[PDB]
Structures are given as C-alpha cells and as structure tokens.
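S.K.: Spelled out from the first residue to the last, the chains are:
There are 4 protein chains.
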Amino acid sequence: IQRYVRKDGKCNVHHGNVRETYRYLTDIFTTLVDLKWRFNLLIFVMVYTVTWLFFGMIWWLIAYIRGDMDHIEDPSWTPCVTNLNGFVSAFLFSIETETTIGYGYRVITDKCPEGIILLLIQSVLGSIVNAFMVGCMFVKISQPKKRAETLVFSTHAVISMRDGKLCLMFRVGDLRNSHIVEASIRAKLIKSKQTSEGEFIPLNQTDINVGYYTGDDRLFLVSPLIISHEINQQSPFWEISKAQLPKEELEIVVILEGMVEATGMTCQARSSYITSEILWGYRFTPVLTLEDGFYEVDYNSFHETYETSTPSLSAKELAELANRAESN
Amino acid sequence: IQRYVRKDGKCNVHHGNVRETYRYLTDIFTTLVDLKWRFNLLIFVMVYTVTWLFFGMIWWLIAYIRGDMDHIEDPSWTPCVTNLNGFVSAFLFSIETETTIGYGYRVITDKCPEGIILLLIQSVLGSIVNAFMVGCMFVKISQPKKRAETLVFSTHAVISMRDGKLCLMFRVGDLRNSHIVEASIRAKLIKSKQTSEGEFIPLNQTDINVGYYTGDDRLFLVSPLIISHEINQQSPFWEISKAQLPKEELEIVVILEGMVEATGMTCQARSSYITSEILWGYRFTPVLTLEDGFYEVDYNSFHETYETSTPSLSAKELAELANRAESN
Amino acid sequence: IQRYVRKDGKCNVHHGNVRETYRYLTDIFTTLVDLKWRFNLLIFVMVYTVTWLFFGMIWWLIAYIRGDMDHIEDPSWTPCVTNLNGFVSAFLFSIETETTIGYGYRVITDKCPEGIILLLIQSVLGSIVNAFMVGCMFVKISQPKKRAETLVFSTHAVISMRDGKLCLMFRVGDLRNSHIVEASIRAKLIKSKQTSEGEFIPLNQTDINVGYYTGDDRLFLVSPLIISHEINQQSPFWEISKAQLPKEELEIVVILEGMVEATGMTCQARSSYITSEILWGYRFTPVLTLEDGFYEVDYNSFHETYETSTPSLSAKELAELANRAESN
Amino acid sequence: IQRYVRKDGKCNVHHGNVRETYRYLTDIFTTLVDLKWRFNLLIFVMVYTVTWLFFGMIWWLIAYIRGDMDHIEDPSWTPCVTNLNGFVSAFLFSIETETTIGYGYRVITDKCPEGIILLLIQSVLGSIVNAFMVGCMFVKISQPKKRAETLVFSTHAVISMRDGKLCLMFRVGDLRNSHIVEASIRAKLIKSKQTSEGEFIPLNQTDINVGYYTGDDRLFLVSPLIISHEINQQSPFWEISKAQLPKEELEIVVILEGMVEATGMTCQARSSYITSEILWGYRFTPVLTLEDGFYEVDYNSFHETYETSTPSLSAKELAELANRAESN
Ligand SMILES: [K+]
Ligand SMILES: [K+]
Ligand SMILES: [K+]
Ligand SMILES: [K+]
Ligand SMILES: [K+]
Ligand SMILES: [K+]
Ligand SMILES: [K+]
Ligand SMILES: [K+]
Ligand code: NA
Ligand code: NA
Ligand code: NA
Ligand code: NA
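Sequence order for the protein chains is A, B, C and D.
The working numbering applies: residue 1 is where the first sequence begins, and numbers increase by one.
The working numbering applies: residue 1 is where the second sequence begins, and numbers increase by one.
The working numbering applies: residue 1 is where the third sequence begins, and numbers increase by one.
The working numbering applies: residue 1 is where the fourth sequence begins, and numbers increase by one.
For the record, the hints were derived by calculation from the structure and aren't laboratory data.
Where hints are given, some of them may not hold.
To give an idea of the chain D side of the interface with chain C (calculated C-beta under 8 Å), a few residues [what the hints assert, rightly or not]: (1) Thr99; (2) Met137; (3) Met161; (4) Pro202; (5) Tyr212; (6) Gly215; (7) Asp298.
Ideal placement from N, C-alpha and C gives every residue a C-beta, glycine not left out.
Start from the sequences, fold in the hints, and give me the full structure.
M.R.: Now the structure itself:
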C-alpha cells in the first residue's frame with residue numbers, strides 16, 4: 001500500500017509535465033551540486049580538457065602567424081616560446097603553464113609581445129575555473145543531510161493511559177557522542193477530507209500538538225526519549241474507539257531538525273506511521289542502567305514493546321462517563 | 001499602475017540624495033560582491049596587473065643600484081638574479097615568482113642579500129591578495145538568492161466559503177526534488193491611512209494572520225499547497241462587500257523563506273496581489289493523481305481556477321444575520 | 001554624562017581582574033581573529049619565517065653528517081641535493097621547496113635515502129600551516145559585523161498621541177539596494193532599582209513590548225519605518241507626567257538583527273536614547289514621493305521632526321479621567 | 001555521587017551494544033572530523049603516501065612495457081620521461097608532478113602518447129584529494145564549540161525572597177570583549193518519577209520557566225547577569241519546605257546558546273546543580289563600579305554569596321497564610 005512517505009524519508013511524488021526548463025539553468029550551481037557522482041567526475045574532466053585545449057590552439061596560432069615554423073633551425077632567430085614545433089608540443093605548454101607546474105624545457109622568451117598579455121589572461125581564467133570546480137567538490141563532500149543516518153526513530157507507536165488521560169507515544173534516539181544543537185520536533189496528520197460545500201482536498205495537512213505552547217518541544221537529547229501527545233478536545237483523535245481504529249485510512253508524519261555541532265548547518269530527519277503501526281494498549285521497555293559511575297544504554301530493547309491493560313473506549317466517552325459519574 | 005512590488009520580487013524604490021558616501025567604503029567587501037560581473041572581471045585584472053608591475057619595478061631597481069647593468073658580459077661578476085637585462089625581462093621574473101610557476105631560465109643566486117627579504121615579502125603579499133580575490137569570486141558564485149527561481153507562486157488569489165466561514169486563499173509550489181528545510185510563510189497588507197488626529201502615513205504596513213498562533217504556518221512542502229486566511233473580527237477585511245471591493249486601493253505582499261538543503265544558507269521569495277488579482281467566488285483545481293505506487297503532479301492546471309456559488313455580502317453582515325436568525 | 005552604550009554601539013565596560021588567562025589560549029583561533037591588523041601581519045611573517053628556517057637547518061644538517069662538505073669538487077661523488085654548499089644556499093632550498101616554486105638550479109638526486117622521507121613531512125606540514133593562515137585571513141576579511149555601517153537609526157525619539165492612545169516612536173532605515181533577510185527588532189529599558197526587602201540592583205534590565213505577541217515585529221524593510229510602542233497598564237511608563245520626565249534617569253537600548261543576503265551570516269546593530277532624546281509632543285516628517293513609476297526617498301528629512309499639540313498628563317490620569325467622564 | 005552531567009558539560013552516558021556499525025561509514029566525513037589529532041595526522045600521511053606510490057608504480061610500468069630500460073644509453077632513442085631509470089627515480093617523478101613543484105631534471109617528452117592522458121588523470125585526482133584533506137583540516141581548526149571556554153557560569157544557586165515572592169536565582173557572565181549574537185537560555189529539571197498506573201520513568205525531563213512567555217529570556221549580555229525563576233502554582237517547587245529540601249534527589253540542568261560574532265556559527269554551554277548547590281536564604285554580591293567614564297567589573301566576587309533573613313516555609317503555605325490573614 002502506497003504511503004506518500006517511506007520509512008526512511010524518501011517521498012513518493014513524481015514532478016512531471018513542466019514547460020519552463022530554462023529555470024534549471026539560471027541557478028546552474030544547485031543543479032551541479034544535485035547530480036550523482038558518476039556525472040560530476042565526467043563534467044570535471046570535460047571542463048578541464050576543453051579549457052586546456054583552447055589555449056593550446058591559440059598558442060600554436062600565435063607561433064604560426066609570426067613565422068616560427070619556417071625557421072626551426074636558424075640560430076639568428078630568437079623566437080617566441082622555445083622548443084615549440086608541432087601541435088602536440090604546443091598542447092603541453094598550456095598544461096604546464098595553467099596548472100603552475102612549469103617544468104622548464106620549453107620556456108617563454110622576452111622578444112615576443114602579446115605573449116605576456118596572453119599569459120595574464122590565461123592565469124586569471126585558470127584561477128577562476130579552478131576556484132569554481134574545487135568549491136563545488138568541497139560543498140558536495142561536506143553537506144549535512146548525511147548526519148540523519150544516525151538519528152534512529154522507532155517502529156510502531158503506541159496508545160495507552162497516563163494518570164487518567166489517553167496519550168499517543170513514540171520514541172527517538174541518537175547514536176553518536178556528538179550533540180545536536182537546538183533540536184526540535186513536530187508532527188503532522190495527513191488524511192483526505194471533504195468540506196460541507198462540496199470541495200474535495202486530496203491530502204489535507206493538519207498539525208498535532210507535542211508541546212508547542214509551553215516550549216516543551218525544544219528537547220535535550222542524550223538518552224533515548226519518549227515523545228507523547230495528549231488527546232484532549234482539540235486532537236484529531238477526539239473520538240476513535242478501539243474497534244474503530246483499523247477502519248480508518250490516515251497517516252502520521254514526524255519531523256526532527258537541528259544543527260550539526262562541528263559545522264553550523266541544519267539537518268532534518270523524517271519518518272511515518274500509517275495504520276498498522278499504531279498498537280492499542282502497549283508500553284515501551286526501559287533501557288537505562290547504572291554501573292559504577294556511568295549510565296549504560298542498551299539499544300537491544302530500543303524497539304521492544306510489551307502489553308498491559310487499558311480501557312477500550314474513545315476519549316470523549318471516557319470524559320462523559322467520568323463527568324456523569326463524578327456528579328451523580 | 002505602480003505597485004511597489006513587481007510580480008517577481010523587484011521593488012520600485014529609488015534611494016536618492018545620500019550625503020555620506022564614505023560608508024560604502026568602510027565595508028568594501030559587500031560592495032564588491034554586490035556589483036555586476038562585467039565590473040568584477042575588470043577589477044580582478046586591474047588588481048593583478050598592478051600587483052605584478054610594482055614588484056617588477058622594485059626588482060629592476062635593486063638590480064640597477066648594485067651595478068649589474070654595467071657588467072652584462074663579465075664572467076667574474078656573480079650577479080643577483082641571472083639573465084636579467086632590461087625592464088621587460090625583470091617584469092617576467094615577478095610573474096613567474098608570484099604565481100609560483102617558476103620556469104627556471106632566470107633564477108636567483110646566493111650572493112645577493114636583501115634579495116631573500118624581498119622574496120619573503122613577495123610571497124606573503126601574493127598569498128594574501130590571492131586569498132581575497134578567490135574568496136570573493138567563490139562567494140559571488142554560490143549565493144542562495146538564486147534558489148528562489150524555482151519556487152513558483154500563483155497568479156490571482158480567490159475568496160470563497162469554507163463550511164460557513166469566508167476565507168481568502170492562494171497557492172504555492174516548488175519544482176525540484178530537493179527540500180527546503182524549516183520553511184515558513186507570512187503576508188502583509190499595504191495601504192495608506194490617516195489617523196483621527198491629522199497624521200497621514202503614506203504606506204502603512206499591517207500584518208494578517210495565516211496561522212501564527214497555532215504554529216500552523218511551519219509548512220511541509222512536497223506537493224503544491226493552498227494557504228488560507230480566515231476572515232474573523234480582526235482581519236482587515238472584516239467588512240468588504242462584493243461591489244465594495246473594486247473601489248478600494250490596497251495591496252497584499254507575500255513572503256516565503258527557508259534554508260537551502262545542500263548548503264546551509266537562507267533564501268527568501270516574494271510576490272504581490274493588487275486589486276484585480278482578487279476574484280470573488282472561485283476555487284482552484286486539483287492536480288494530484290495516483291499511478292501504480294507514485295503520486296503524479298500536473299503543473300498544467302497549477303494556475304487554473306473555476307467558478308462556483310457564493311453569497312455576496314460582507315462577513316460582518318453574514319455573522320449578524322446568522323446570529324439574529326439563529327435566535328429569533 | 002556616562003551612558004553605558006554609545007550612540008554607535010560601543011559599550012562602556014572594562015573587564016578587569018581576571019585570574020584565569022589560560023582560557024585565552026584554549027581557543028587560540030578566536031583570539032587570532034580578534035586582534036588588529038598591525039599584529040596579524042606581524043604574526044603571519046613570524047610564523048612563515050620560523051617554518052622555513054627550521055627545515056633549512058635540518059637540510060644543512062643532513063648534508064653535513066653524510067660528508068658532502070668535504071667533497072665539494074669531486075665528480076665521483078653523487079651527493080644529496082645538488083649545488084648545496086653553505087648555510088645561505090641550504091636556506092633557499094627550503095623556500096623553493098615548501099612554497100612549490102621549484103626553480104631547479106638546486107635539485108634533489110636519487111642516491112640519498114631519508115631525503116624523500118624528509119620531503120614528504122615538509123610537504124604535509126607546509127600544506128597544514130598554509131591552510132590555517134589563509135583561512136584566518138579570509139575569515140577576518142569577510143565578517144558580517146561590517147554591514148551594520150549602513151543601517152541608520154534616528155536621533156531623539158518622540159512621544160505623542162494616536163487616536164486616543166499615548167505612544168512612543170522612533171524611526172529606522174537602510175541605505176543599500178540589498179535586503180536583510182528575516183529582520184527583527186527589540187528594545188530594553190535600563191534603570192537602577194531597589195526592592196522592598198533591601199536589595200539594590202545597579203543596572204536592572206526590563207523588556208518593553210514592540211509587537212512580540214502578535215508577531216508584528218518581524219518587519220519588511222524597504223522604505224524608512226516608524227516603530228511604535230503603546231503605553232498600556234504594563235509599560236514602565238504607565239505614569240510619567242510631562243514635568244516629571246526630565247527628573248528621571250533611565251535609558252532605552254534598541255537592537256535590530258537579521259541575516260545578510262549574499263552570505264548567510266547574522267548581523268546586529270544597536271543604539272541608545274537617554275533622557276534628552278525623548279521629546280514630548282512632536283512628530284516625524286514624511287519622506288516618500290511618487291515620480292513616473294518610482295517611489296523616491298529623501299534622506300534629507302530623515303531626522304527632521306516638527307511640533308504639534310498634545311495633552312500634558314500621565315497615561316493613568318488620562319484613562320481615569322476618560323472613564324470617569326464617559327460614565328458620569 | 002553520579003550526576004549525569006559534569007560541572008563543565010561532559011555527560012556520563014556510555015552508548016553500548018550497537019549492531020549496525022556500517023552507518024559510521026555512510027557519513028565518513030563526520031567521523032573524520034570527530035577523531036582526535038594524533039589520528040588525523042596519521043590518516044593524512046597514509047592517504048598522501050598511498051596516492052603518490054600508486055601513480056609511481058603506473059609510471060614505471062608504462063616505462064617498462066615500451067622498452068625504455070633495455071635502451072638506457074642509446075641516443076637515437078627519444079624515450080618517454082627523461083632520466084627515468086629505476087623504481088626510486090620513477091617514484092620522485094610522481095611527487096614532483098602531483099604537488100606541482102616540478103623541478104625539471106626529469107621532464108616529459110612529446111613522442112609518448114598515453115603519457116598525456118595519464119597526466120590529466122593525475123592532475124584531476126590530485127586536486128580532488130587535496131581539496132578533501134585541506135577542507136577537513138580547516139573545519140577541525142575553526143569549530144565553534146570552543147568559544148564555550150569563556151562563558152562562565154556560577155557555582156551554587158540560591159533561593160530567597162523578592163517583594164513577597166520566593167525565587168530561585170543563579171548568575172552568568174562572559175569574559176571577552178566580543179559579543180554573542182541572539183543569546184538565549186533555558187533550564188530543565190531531571191528527576192525520576194512513577195505514574196499512578198505503575199509505569200516507572202528513570203530520568204523524566206520537565207521544563208521550568210525563566211521567561212518564555214513574555215520574551216524576557218532573549219538576554220543582552222555585557223555585564224554579569226542574574227537569572228531568576230519565580231515559584232508560582234506551576235513550578236515543580238510548589239511545596240518544598242526548608243527542612244524538606246536536603247532529602248530530595250533531583251537535578252537542574254542549565255543551557256545557554258547563541259551565535260559567535262566573527263563567524264556565523266552556533267555555540268552551546270551547559271552546567272548543573274544537584275542538591276548541595278542550592279542554598280536557602282542567601283544573596284549574591286554586586287560587582288559593578290563607576291570610574292571616570294567607565295564601568296568596572298570585578299570577577300573577584302563573582303562567586304561570592306552572603307547571608308540574609310528569609311522565612312522557612314513552602315510557597316504554598318506562605319500563600320495560604322497570606323490569603324487567610326488578609327481576609328480574616
Ligand atoms: K604551485
Ligand atoms: K610550481
Ligand atoms: K615549478
Ligand atoms: K622548474
Ligand atoms: K512564540
Ligand atoms: K631547468
Ligand atoms: K571555504
Ligand atoms: K551558516
Ligand atoms: Na548524542
Ligand atoms: Na521539493
Ligand atoms: Na534595503
Ligand atoms: Na561580551
């Protein structure tokens with residue numbers, strides 16, 4: 001069954017039938033950083049080869065017009081660049097000059113104006129293109145979207161009781177000794193709806209509260225946590241009986257985001273629960289122990305859940321019954 | 001008709017008559033990154049040429065004072081830099097030394113003090129200016145203000161009903177497979193007003209609510225969305241009849257902002273609706289379909305709107321009539 | 001009269017008598033980027049000179065132990081680095097090898113083990129120190145704290161009436177065609193106070209509201225704005241008569257912050273008003289005009305204020321009188 | 001006694017028993033930047049040595065297949081790279097070509113195809129790996145987590161009275177002339193609890209208010225501050241008598257975060273108070289003085305606290321007594 005968000009973040013959406021493609025070329029940098037690696041390497045090689053070959057051709061041209069080929073042996077002919085005979089020899093001079101290697105078996109003389117003004121232009125353009133390419137490679141290597149590989153979520157969430165209130169709970173944890181600076185979490189409910197006038201919204205997004213009003217959703221993440229949402233008169237689950245649950249077709253998306261510590265960039269991680277990942281009347285299992293001055297986690301029970309007792313009735317009915325019996 | 005914000009972001013404002021221009025030189029870096037390209041290239045070329053020519057002149061001077069010109073042929077005269085005769089030859093030594101090419105047909109000897117202390121200063125200044133220029137070029141290539149080329153807004157917004165409440169709606173969508181991290185939206189109303197005391201504010205900015213109180217304006221953008229603002233007793237549209245609308249002269253600005261994914265920089269996108277982009281009694285057209293495991297968008301109907309039935313009366317009159325008839 | 005914040009941001013506070021100075025060396029990078037320029041250049045020169053001289057000494061040592069000095073003329077003695085006789089000659093080899101120039105009049109041979117393993121170490125350390133220094137220079141050139149040079153505030157603020165409510169107003173404006181992304185503003189009141197128990201707080205900081213509750217302080221800055229604070233029952237000015245004002249000794253600080261557009265860094269700007277910058281019964285002067293399709297600003301009247309009529313009574317007395325007379 | 005957070009930030013938690021280690025290799029960059037220095041240097045050396053040795057071997061191979069070894073003396077044999085006899089000589093050519101030094105005693109000729117296509121590949125791969133390594137080193141040198149070395153907290157917090165209200169107070173200060181841009185503070189209470197149904201949460205995190213509702217926790221940090229939390233009907237200390245305090249086992253964590261000024265990265269600082277750092281009936285000591293136009297701080301009394309008079313009764317009892325006596 002389709003789910004519109006996979007269990008690891010990838011979305012099932014296919015952007016098709018766009019008529020304005022020239023936008024993809026107005027911001028070419030983003031497009032470059034977005035491709036795969038097999039294509040980035042190919043583009044680097046092509047750009048460098050073209051840049052070298054162009055200046056090789058112009059060097060050979062300057063040599064040819066002046067008349068250096070006709071005098072390849074005359075000593076009384078101080079030429080332009082020394083030891084430059086054919087095409088393949090003039091091709092090597094460009095490589096040795098632009099990449100700054102400069103062996104020195106073929107070197108430039110000082111009786112050849114417009115040679116210096118070609119050399120300046122070559123150095124400047126070399127520097128520019130070099131900067132562009134190395135910057136692209138570095139940015140593609142050090143992006144933050146990778147940290148989300150070690151921010152484990154949990155499988156199926158649970159619904160249970162907490163001192164007279166129904167709640168919906170799930171669990172989240174990290175895996176490295178580093179820190180996520182300024183972490184925060186939110187959750188959305190996705191389900192189709194139809195207004196009373198006739199409109200039909202395919203995928204309506206509603207927001208559910210996990211502590212936005214009291215500032216309790218800026219969490220401090222060291223040990224595995226348990227996020228919980230209370231079912232009051234504003235929660236979309238305000239009346240969902242136990243037997244009523246498996247019939248509905250809804251989905252919960254969960255988003256956690258914060259800054260990486262070493263650099264200062266922002267990362268985001270996502271997940272989803274559909275209808276078969278919501279168990280009624282369960283609890284998680286503790287994972288913390290104390291040993292000689294260190295708390296010890298066990299990511300062995302991180303997904304494990306056990307069963308307990310819980311009423312089977314909607315929150316609305318529970319509240320109505322409690323208020324009727326506490327005043328009768 | 002002037003509009004104070006064009007349909008793509010550019011503003012119609014002309015900063016004139018400034019008497020303190022030296023500020024533009026206290027933060028020269030911003031000014032450099034702000035210019036066009038035709039001028040950036042010219043400035044790069046000029047800076048590099050001056051830097052090379054200065055040290056060329058000082059090299060020739062050192063050579064001249066010591067007395068190397070008078071002895072261009074004497075073998076018993078170990079000079080300073082070898083094979084350095086005229087101005088144009090001493091100009092090439094600076095280029096080959098600063099850019100680190102170093103052919104080696106003209107090389108420095110070891111009987112010439114103050115040559116080494118010139119060489120150190122040259123290397124250090126070369127490194128500094130090189131860093132400055134390449135940094136400027138890279139920053140100008142990789143700025144985030146470009147991503148806003150693929151964050152399409154919609155043309156004319158609409159006003160219609162939603163289960164007994166008037167609302168004002170518009171639509172927003174993306175075009176790439178990437179993600180905007182931590183997106184958010186806001187909107188402002190611009191219209192001239194005059195207080196009861198006599199003051200006259202030319203362009204008064206008021207804020208309209210799109211979900212700031214319930215944290216519902218931190219949106220999760222994958223598929224094209226429909227942002228809506230409800231017209232309650234606090235909205236500036238609290239009494240605007242249908243026939244009354246075309247007479248007013250107001251404007252709505254819309255701002256969306258968030259972080260690019262690959263890098264970690266912030267981008268912003270804007271738009272506007274004046275008075276002829278607000279239709280009364282219309283709806284948008286759905287664009288989502290389901291195909292074998294993928295949802296399919298069609299940016300073919302993205303701007304398309306159709307017509308439906310809607311009362312023609314201000315929100316205040318609707319509420320008054322409903323409350324009078326639901327209690328009579 | 002001291003003011004604890006100057007009219008351009010600098011603060012009058014002198015951190016003295018610190019006993020733990022080794023902290024300033026645990027984060028040496030911040031300390032480097034914080035110094036002046038006259039000292040940064042000196043440190044660059046010193047570091048580079050020491051790095052070159054050390055390896056020069058070790059090269060000469062390797063040459064000496066092996067016995068190359070005793071045979072400066074023997075042809076049947078393939079030595080280590082060719083044409084290396086004295087100290088000053090071995091000093092140049094280090095410069096030419098580390099900075100990658102490599103003339104080639106003194107070149108390394110292939111009969112000299114531990115020469116290659118010295119060359120590797122030299123290349124690696126050169127690369128590291130080069131990276132460190134160029135990074136420091138670039139960061140010091142491109143910091144954002146400079147943009148605040150073109151974010152003009154206004155001189156003396158004013159107090160006047162707005163449709164039956166006292167308000168306190170000041171003005172803020174920009175000077176460039178760029179944009180501040182995600183701007184925001186806040187203000188604090190600084191004044192000494194003494195509790196009823198006996199404590200004495202020298203500089204107590206209180207916050208004043210400029211629109212935090214309604215999200216109206218996220219401003220959209222193109223044309224010069226007028227920020228205003230309303231004097232209700234919670235404002236520290238809840239009873240300040242006209243004649244009572246010049247006797248008090250308080251201060252208002254104003255802070256505006258947001259992101260630069262080209263890069264993605266955050267900048268902050270500050271100012272202050274003491275007791276003689278608060279005029280009672282004045283208004284600002286408009287600066288906007290319309291010309292053929294462009295709005296025109298005039299930073300000629302940006303500071304100009306004129307005079308008008310206003311009651312001379314505290315807000316508390318105004319409210320009490322109005323409520324007594326509107327019910328008598 | 002264990003405390004779950006040390007007095008300087010380090011946490012007592014030991015992540016053990018992970019079964020999915022391949023994640024640590026999907027984002028190798030983070031792992032590199034996370035190691036110590038002794039290992040980073042070793043990895044740099046190993047990578048560079050392998051990269052040079054590989055291409056050295058392939059150069060020697062090309063030379064061998066063509067038949068250059070058999071003719072080490074024949075003049076009528078224009079070879080590939082000149083003066084290339086053995087393994088150790090072909091090893092030096094790779095070093096001189098990749099690092100761009102290029103002495104020129106062994107130089108490449110122009111009768112040797114597939115030499116140029118090896119040279120292109122070498123230059124490109126050299127550039128890539130160079131970029132990667134220098135980027136890693138720079139990022140590890142300039143991270144912001146170091147600034148937190150000069151953001152001193154205070155030792156034991158205090159509990160006292162403030163015009164008829166109990167409050168809990170602590171102090172925070174800086175040490176440099178720079179500025180933290182957009183500072184903010186929060187605090188959490190950590191204590192084990194057990195619900196009424198039977199669940200047992202080992203380390204339950206609750207939030208305590210320090211000014212989140214009124215926007216008073218965005219502080220402006222120049223001089224040492226005193227943060228205070230008021231004990232109303234929602235504070236977890238709503239009934240804690242003086243004699244009752246030493247029996248409980250709770251902990252308070254404190255977190256302060258904001259952006260560094262020179263760069264634009266975010267830093268975080270933490271601390272903790274357990275049960276013996278909470279004194280009942282004390283006050284801090286002022287540190288500000290005025291001298292000829294400068295305020296002078298004295299970080300000599302920064303931790304010093306003195307004693308005063310205070311009732312010994314829970315806040316609930318104080319309120320009940322006051323309300324009963326103010327209405328009897
Ligand atoms: K070089
Ligand atoms: K070189
Ligand atoms: K060279
Ligand atoms: K050379
Ligand atoms: K808020
Ligand atoms: K040579
Ligand atoms: K960089
Ligand atoms: K950043
Ligand atoms: Na962690
Ligand atoms: Na997208
Ligand atoms: Na502006
Ligand atoms: Na400070």
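S.K.: Give a verdict on every hint.
M.R.: Here is what the structure says about each hint:
Hint status for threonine 99(D): holds, given a least beta-carbon distance of 6 Å to chain C, under 8 Å. Interface hint at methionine 137(D): satisfied, since its Cβ lies 5 Å from the closest Cβ of chain C, which is below the 8 Å cut-off. Interface hint at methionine 161(D): satisfied, since its Cβ lies 6 Å from the closest Cβ of chain C, which is below the 8 Å cut-off. Annotation: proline 202(D) was flagged as interfacial toward chain C, and the flag is violated, the nearest CB pair being 35 Å apart, outside 8 Å.
Interface restraint check: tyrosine 212(D) against chain C, minimum CB-CB distance 12 Å, threshold 8 Å, status violated. The interface hint given for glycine 215(D) is met, as the beta carbon of that residue sits about 5 Å from the closest beta carbon of chain C, less than 8 Å. Hint status for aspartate 298(D) relative to chain C: holds, with the closest Cβ pair at about 5 Å, below 8 Å.
In summary, the structure is inconsistent with hints 4, 5 from the numbered list given earlier, while agreeing with the others.
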